[PDB]
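Here you get one chain, nothing else, as C-alpha cells; it is the form solved without Azotochelin (95B).
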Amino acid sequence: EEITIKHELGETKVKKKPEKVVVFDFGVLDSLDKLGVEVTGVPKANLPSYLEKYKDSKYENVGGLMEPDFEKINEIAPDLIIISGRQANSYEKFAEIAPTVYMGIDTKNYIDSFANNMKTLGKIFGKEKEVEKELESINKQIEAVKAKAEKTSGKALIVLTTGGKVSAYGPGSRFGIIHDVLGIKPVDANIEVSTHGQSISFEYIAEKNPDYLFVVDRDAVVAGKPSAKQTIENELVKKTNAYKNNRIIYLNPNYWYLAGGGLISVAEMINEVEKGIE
C-alpha cells in the first residue's frame, strides 16, 4: 500500500498510513496532533511547551533536535521518519534506517510551502479533507488579520535575542510571515535574509524607529532562562514609538523558534500577531 513522496532531498516510497512514525519537526508533530495521527517517537529533550503531552512514556524518545538517538530509531524500526532543516545534513543516516521525508518552509513562499507540507501529510495518512479544512481556517484567520493590518499605517520590525545580542528579520525571512502574509508594513524591507538574520544593535532600532517591535526570546527556550525584556527594554530602545504605545510584542518562542510550519503553530502564531495589533 505504497505512495512515493518527492521532497527537497529525494523521492521516498512510503506505505500509506505508516504504523510507526518518528518525527523531528515540531510543526509536523503539532500537525499530526491536530489530525489525530499517532506518532511513535519524538525528540523529547526539545519538546515545546504546547507539545508537552509527547513527553509521555507511550512515546519513544529519539533524542534531541540536534542529537538524534540513531541507535534507538533503529531499535524502533519506523515505517516513516520525518525531518526538517535542523536535520537536513543527517538525511542519509536517517534514510539508511527507514523512509525519510524532508519537510521545510521555503521562506520566500511561506504559505505555499506550509500548505504543500500539510497536503503531503494529508496523502501519507489519509487526511486530505481534514488538512483542507484546517488550511481553510488558517486562510480565514489570515484574511481577518490582513484587514486589520491594512486599517493602519505603522511599520513593524522583527528581532531575535540571544543573551544581549539582537538581530533582524524582514520580508522573506524565517519570521517574515508578519510582513509577507499578514499585511504588516516593514520598517526595513532589505534586511539580510539569513535564518539567524542580520545582526544589529540598539542604534539601528532607534533610527529606523518602528511602531511595532516583535521580539523572539531565543534563550527562553534554548538556554531555559528568559532574557529578552531585560535586553530589549533599555534606554537605547525605550524611546521608540513601539515602547511608548506598549507595542513591543514578545512572541512565544515555543511556536516561533522551536516549531512553526504546523496547523496549530501557524494558527497560534497568527493569533499572537493579531493581538499585537489589536
The other form holds:
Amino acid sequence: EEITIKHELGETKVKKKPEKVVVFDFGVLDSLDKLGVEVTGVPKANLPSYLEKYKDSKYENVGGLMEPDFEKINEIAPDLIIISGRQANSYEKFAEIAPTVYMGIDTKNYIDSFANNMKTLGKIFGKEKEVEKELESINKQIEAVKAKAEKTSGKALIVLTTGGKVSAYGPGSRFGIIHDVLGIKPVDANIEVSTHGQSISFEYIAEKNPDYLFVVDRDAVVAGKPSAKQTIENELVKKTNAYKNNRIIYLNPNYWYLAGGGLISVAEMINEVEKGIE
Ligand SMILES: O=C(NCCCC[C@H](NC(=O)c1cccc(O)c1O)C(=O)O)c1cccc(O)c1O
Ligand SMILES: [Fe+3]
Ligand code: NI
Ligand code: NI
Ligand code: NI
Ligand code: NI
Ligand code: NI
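Switch from the form solved without Azotochelin (95B) to the form deposited with Azotochelin (95B) bound and print that structure.
Below: every chain and molecule of the assembly, starting with the one above.
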C-alpha cells in the first residue's frame, strides 16, 4: 500500500504501515509513542528523559542524533527512516539505505509545519483520527494560553545557556512559538534567527529588562551537566524584573532542545510556557 511523501528534501515512496521504522527526530519519536506505533531503532545516546523507555533492549541503537551508525542502520534494513534538521546534511546517506522522510519545522509557520508532519504520520501509519484528536487538543491549549497571555502584558526574552555563554531567540526562531503562537510579546522583535541563537552579553539582558526570562539549559542535555541556573543568575541579570518577580522560567531542554515538533513535546512546551507566565 505504497504512498509518495513530498518533503523539504525530495519525494519518497513509502510502504504504508512499515514494519521497521528508524527515527532520528525525538518529536517524531514521542508522536509515534503517543499514537501507539512501534519503532525499531532510535539514537539511544541522546534520548530525552521522557523517552527513556526507548533505551530498552527491544529497540535497536542507531547511534547519536549527530552520529548515525550507518552500518547498523543497514543491518536493520528499515522500511522507513525519519530524520529532521540535525541530519539534513546526511539525507542522501540515509536515502541510499532505505526510504527516508525529512520532517522539519518551518519556524515561520510553526503550527502549520507541525500539523503537516503529524498528518504525514497519520497517513503512513493509519492514525489519521488519532492524529486529528491530538492536534485539536493542542489547539485548545494554544487557545487558553493565548487568552492568559493577552491579559496584562510585559515582554519576554528567550535565552539558551551553553559553556557559560548565553544566546538569544525571538519571533520566527527555533523557540519562536512563545511569541509567534502563544501571544507572549517579545522584548526584542528583531533577534537574528540562528540554530544555536544570537550571542549576547548579560548587559543586553539587563538592558532589555524583560519581564519574563525563558531559559533553555543546553549543557544539561548535550553534556549531561546542567549549568543554566549558575550561568544566568549573576549581577547583571538580578537587576531584571524577571528576576525580581521570580519569572526566570527554566524550560525543560529534554522537550525544548532535544525534541519539539511532536504531539507530546508541543503540549509539554505549551504547558511550561503557561506555568511560567502564571
Ligand atoms: O545542524 C545542527 N548542528 C550542527 C552543529 C553541531 C555542533 C555541536 N553540537 C552538539 O554536540 C550537539 C549534540 C547533540 C544535540 C545537539 O543539538 C547538538 O548541537 C557542538 O556543540 O559543537 C543542528 C541542527 C538543528 C538543531 C540543532 O540543535 C543542531 O545542533
Ligand atoms: Fe544543537
Ligand atoms: Ni555499530
Ligand atoms: Ni555491524
Ligand atoms: Ni479537527
Ligand atoms: Ni548570523
Ligand atoms: Ni516582588
